Every structure is written in structure tokens, then in C-alpha cells.
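Novice: Below, each chain spelled out in residue letters.
Protein chains: 2
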Amino acid sequence: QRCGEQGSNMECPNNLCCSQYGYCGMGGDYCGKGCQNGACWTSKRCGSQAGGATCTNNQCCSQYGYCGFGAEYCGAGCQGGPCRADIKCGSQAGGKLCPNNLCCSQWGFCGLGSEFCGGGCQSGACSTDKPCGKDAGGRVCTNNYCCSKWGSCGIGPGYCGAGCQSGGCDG
Amino acid sequence: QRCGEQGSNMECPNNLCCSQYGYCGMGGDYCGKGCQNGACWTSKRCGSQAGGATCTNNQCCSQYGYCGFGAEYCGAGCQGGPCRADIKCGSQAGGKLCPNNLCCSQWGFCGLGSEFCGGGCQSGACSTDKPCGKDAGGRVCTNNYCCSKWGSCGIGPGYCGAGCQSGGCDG
Ligand SMILES: CC(=O)N[C@H]1[C@H]([C@H](O)[C@H](O)CO)O[C@@](O[C@H]2[C@@H](O)[C@@H](CO)O[C@@H](O[C@H]3[C@H](O)[C@@H](O)[C@H](O)O[C@@H]3CO)[C@@H]2O)(C(=O)O)C[C@@H]1O
Ligand SMILES: CC(=O)N[C@H]1[C@H]([C@H](O)[C@H](O)CO)O[C@@](O[C@H]2[C@@H](O)[C@@H](CO)O[C@@H](O[C@H]3[C@H](O)[C@@H](O)[C@H](O)O[C@@H]3CO)[C@@H]2O)(C(=O)O)C[C@@H]1O
Numbered sequence: 028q029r030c031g032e033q034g035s036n037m038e039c040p041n042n043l044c045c046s047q048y049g050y051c052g053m054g055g056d057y058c059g060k061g062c063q064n065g066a067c068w069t070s071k072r073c074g075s076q077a078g079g080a081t082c083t084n085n086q087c088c089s090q091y092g093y094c095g096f097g098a099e100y101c102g103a104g105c106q107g108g109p110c111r112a113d114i115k116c117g118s119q120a121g122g123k124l125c126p127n128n129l130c131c132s133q134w135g136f137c138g139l140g141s142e143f144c145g146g147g148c149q150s151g152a153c154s155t156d157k158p159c160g161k162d163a164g165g166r167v168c169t170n171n172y173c174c175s176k177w178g179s180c181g182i183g184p185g186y187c188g189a190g191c192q193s194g195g196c197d198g
Numbered sequence: 028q029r030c031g032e033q034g035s036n037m038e039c040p041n042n043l044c045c046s047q048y049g050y051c052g053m054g055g056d057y058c059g060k061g062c063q064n065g066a067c068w069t070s071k072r073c074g075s076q077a078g079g080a081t082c083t084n085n086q087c088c089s090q091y092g093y094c095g096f097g098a099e100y101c102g103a104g105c106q107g108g109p110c111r112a113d114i115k116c117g118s119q120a121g122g123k124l125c126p127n128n129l130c131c132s133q134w135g136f137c138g139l140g141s142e143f144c145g146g147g148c149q150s151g152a153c154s155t156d157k158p159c160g161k162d163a164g165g166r167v168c169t170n171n172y173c174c175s176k177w178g179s180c181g182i183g184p185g186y187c188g189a190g191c192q193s194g195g196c197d198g
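Protein chains in written order, with my numbering: chain P, 28 to 198; chain C, 28 to 198.
Bound conformation, chain P alone:
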């Protein structure tokens, strides 16, 4: 029930702003100074301009390296987020990984839903629960996900914990 650093980076809903304290609301108290996510009065820096950084709340990183929504951010030159132009990926775009766990469709585009996450899904939050492990002819997940002791790709204690065969195994 806590956001930002004090909520393991949880994010408020409806772009509610997360104050410097880890509470959600709207207004200067939250959106003003120390804001850590949501609709912070001061756009956070992103993209090139800010060491490869991604925006929170699924924001489009404008060409200038500022986070937001609207033509200016999502529009031309956009560098991350639900960018107005199809973000490419997969074996089509040299192994490229969708940002923010998005699915790399069979076709080489980034998204979320059956069309992207479904059959053919190359990387990201594929819903095709494909197997890994000794169990899966020594195949490692994508996104450096954890191959749990049952040969399943995911992120968490059950996945990254004990019996973790490969991926980002808690060490």
C-alpha cells in the first residue's frame, strides 16, 4: 500500500503521483518535489539523454529524453513506451528485446495481448508458458528470466529461488 522506493517501486493507478514518502495522491504534496512516479510535475528524464533509462507508468520517452503522453512524447522521434510507431524486435531486429516486458510478436513488433503474447511470441511476457531446463533440452528463457526447478520461465522467489536452473537466479 506504499509506492516508489518504499513499495518496491509499485506504481499508483490512474497516474496518481507517488510522493517522496511512498504515498499516492494528486497535488503538489505528491506531484511536486520528490515525486517518484505517476504524473510528476517535473517529467523524469529518459532514453539516451538519461543512460538508457525507461519511463515509469508506461510513458513514451520523447526525442529529447523526457517522459509523458501526447503527440510531443509519443509522436515522432519517440524512444520508448507505447510509441506511436511500431517498435520492432525479435530475430527480425537482431534479437532486440521489447522494453518493459512487452511481447515480441511472431512478426517482430512489440505489444501486449494475444496477438503479441500468443503463439509465435519471441520474448517478453509471452503467455505460451514454454519450458526450459534439463527438462527442456537445456534451453534458457529470454529476458534473463528464471528457469525454476520445474522448468518454467518467470520472475519471483519461486522462480529465481532454490532449484533455479538458469536466468536471474537469486544468488
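No lab work stands behind these hints, which were simulated from the structure alone. Idealized CB from N, CA, C, for every residue including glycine. Any given hint could turn out to be false.
Cβ-Cβ distance ranges computed for the label pairs, FRET-style [what the hints assert, rightly or not]: (1) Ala-120(P) / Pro-158(C): 47 to 57 Å; (2) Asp-156(P) / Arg-72(C): 15 to 25 Å; (3) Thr-155(C) / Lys-176(P): 46 to 56 Å; (4) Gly-146(P) / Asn-171(C): 39 to 49 Å; (5) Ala-103(P) / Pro-184(C): 40 to 50 Å; (6) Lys-176(P) / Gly-190(C): 50 to 60 Å; (7) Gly-164(C) / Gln-90(P): 38 to 48 Å; (8) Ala-120(P) / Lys-60(C): 31 to 41 Å; (9) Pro-158(C) / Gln-90(P): 31 to 41 Å; (10) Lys-60(C) / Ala-103(P): 35 to 45 Å; (11) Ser-118(C) / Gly-102(P): 19 to 29 Å; (12) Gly-195(C) / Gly-146(P): 39 to 49 Å; (13) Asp-113(P) / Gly-145(C): 26 to 36 Å.
Given the coordinates of chain P, assemble chain C with the ligands onto it according to the supplied hints.
Specialist: Okay, now just chain C with the ligands, sitting in the frame of chain P:
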């Protein structure tokens, strides 16, 4: 450090999925059944098709009323989220309110950043801290925000609590 119903609707970061229990991770345990937000294997229903409902994680509500990202969702017929076409608002579009607290620019478009939230901002997470109250010639905030005892628009205990002049005052 808890999501969904057990985290006052906090949302995991990077589209991490929130399990039926209120924990964040990636995989079937979280993305499978009971998923409450993030990249849930099963798209949540939205728009018309689902009583005016908005998608979580700033997702585009496709023409069919399913939440996601990518051309299919964000593209033509899109009904909410960082839709690929400019969502209109403000006095230009009959008082329309941007969804998900987005700013209604001076021009009548929805977004987030200086360009939308800045000078002229009509409604939403305007960063122009305009005043309300007896203090402000009996002017009420937009979005049914709370006019605190100091004549400030916001959402929270300090705003919606005691001394709340108008808005969604905790009652
Ligand atoms: C769409 C987008 O990214 N909007 C940004 C813009 C853009 O970066 C910009 O419009 C592209 O030209 O900038 C905003 O921040 C700028 C603003 O604070 C202005 C002054 O108010 O300065 C810009 O940078 C200056 C900086 O202030 C100086 O200290 C420095 O000496 O020069 C810099 C030259 O760029 C800020 O980037 C804006 O409000 O216009 C923020 C939007 O999110
Ligand atoms: C972009 C988008 O919204 N993608 C959805 C699609 C679309 O709703 C669709 O492609 C537009 O035609 O549908 C997805 O769900 C559908 C899928 O489960 C199929 C069958 O696997 O059925 C569709 O609805 C059926 C429903 O299953 C039947 O019980 C009912 O008798 O008829 C319905 C007629 O539409 C689902 O909508 C999909 O996976 O294709 C989900 C995507 O998010």
C-alpha cells in the same frame, strides 16, 4: 510492497503481473489465473464492452474492448490509453475529461508533460497549482478533486480530509 486489491491497486513496474494474492512477478503463477494487473495472460475487458472501464498500466483499450499495446490495441478504433490518435478534451470537446488524470492542454488534447500540464492546462494533473475555495472566489477543482483547507486541488487525506471545501471530500 503489495499489489492489486491488497496494495490499494498499486501496479507492478515493467508490466510485472500482480497475482491473485497481491505479489509481483512474471510467469504463470502471476500472469496466469487471478492476475489483477500488469501483463495478465488474459487481457482484461475495457471500454464500452465493459461498462466504461479503463485499462490498468496505461493500456490502450482496443476497439473490441480488450487491453494491450501494439497496433491492434493502440491503433484505429482504440478507445482509451495512449491511443495513437490524439484524444480530444476540454471546452473544445464539450468539457470532456482526459482519462486516467491526463492533462487537457490549452488546445484540447490529452497528455502528460509541460506541454499538456503546463500553462493553459484545462483539467487533469495540471502542474499549475491553481487555487480553489472561499479563497478562490468559490471555484471548485476539476476531476472532482478535493479543495483542501488551504485552497489547493489534490487527492489524499490532507486534501480530501478535514477542512475540505469541495471536491471528493472524505465524508
Ligand atoms: C516534448 C518534450 O520533451 N518536452 C520537454 C521540453 C523539450 O526538451 C523541448 O521543448 C525541446 O526543445 O522541454 C521542457 O523542459 C525544458 C525547459 O525547462 C526549458 C526552460 O524552461 O529548458 C530546457 O532545457 C534548457 C535548460 O532549462 C537550461 O538550464 C539549459 O541551459 O539549456 C537547456 C536547453 O534545452 C528544458 O529541457 C519544457 O518545459 O519545455 C520539458 C518538456 O518535458
Ligand atoms: C485486438 C483485440 O482486441 N484482440 C482480442 C481479440 C479480438 O476481440 C478479436 O480478434 C476481434 O475479432 O480476441 C481475443 O479473444 C477472442 C478469442 O478468445 C476467441 C476465441 O479464441 O473468441 C473471441 O470471442 C468469442 C468467444 O470466444 C466465444 O465464447 C463467443 O461465442 O464468441 C466470441 C466472438 O467474438 C474472443 O474475443 C483473441 O485471442 O483473439 C483476445 C484479443 O485480446
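Novice: Decide, hint by hint, whether the structure agrees.
Specialist: How the hints compare with the structure:
Against the hinted window of 47 to 57 Å, the Cβ-Cβ separation of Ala-120(P) and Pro-158(C) comes to about 50 Å, which satisfies the hint. At roughly 23 Å, the beta carbons of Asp-156(P) and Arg-72(C) sit within the given window of 15 to 25 Å. At roughly 54 Å, the beta carbons of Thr-155(C) and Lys-176(P) sit within the given window of 46 to 56 Å. Range check, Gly-146(P) to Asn-171(C): Cβ separation about 44 Å, and the 39 to 49 Å hint holds.
Checking the proposed 40 to 50 Å range against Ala-103(P) and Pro-184(C) shows it holds: the Cβ atoms sit about 42 Å from each other. Taking the beta carbon of each, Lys-176(P) and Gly-190(C) are about 56 Å apart, inside 50 to 60 Å as hinted. Checked against the hint of 38 to 48 Å, the pair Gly-164(C) and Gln-90(P) passes, with Cβ atoms roughly 41 Å apart. For the hinted restraint 31 to 41 Å between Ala-120(P) and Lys-60(C), the CB-CB distance of approximately 32 Å keeps it satisfied.
Between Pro-158(C) and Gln-90(P) the beta carbons are some 35 Å apart, a value that agrees with the proposed interval 31 to 41 Å. The beta-carbon spacing between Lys-60(C) and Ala-103(P), approximately 40 Å, falls within the hinted interval of 35 to 45 Å. Look at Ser-118(C) against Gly-102(P): about 24 Å separates their beta carbons, and that is inside 19 to 29 Å. Between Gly-195(C) and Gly-146(P), the C-beta spacing of about 45 Å keeps the proposed range 39 to 49 Å intact.
The given range of 26 to 36 Å is respected by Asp-113(P) and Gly-145(C), whose C-beta atoms sit roughly 30 Å from each other.
Violation of the numbered hints given earlier is absent; every hint is satisfied by the structure.
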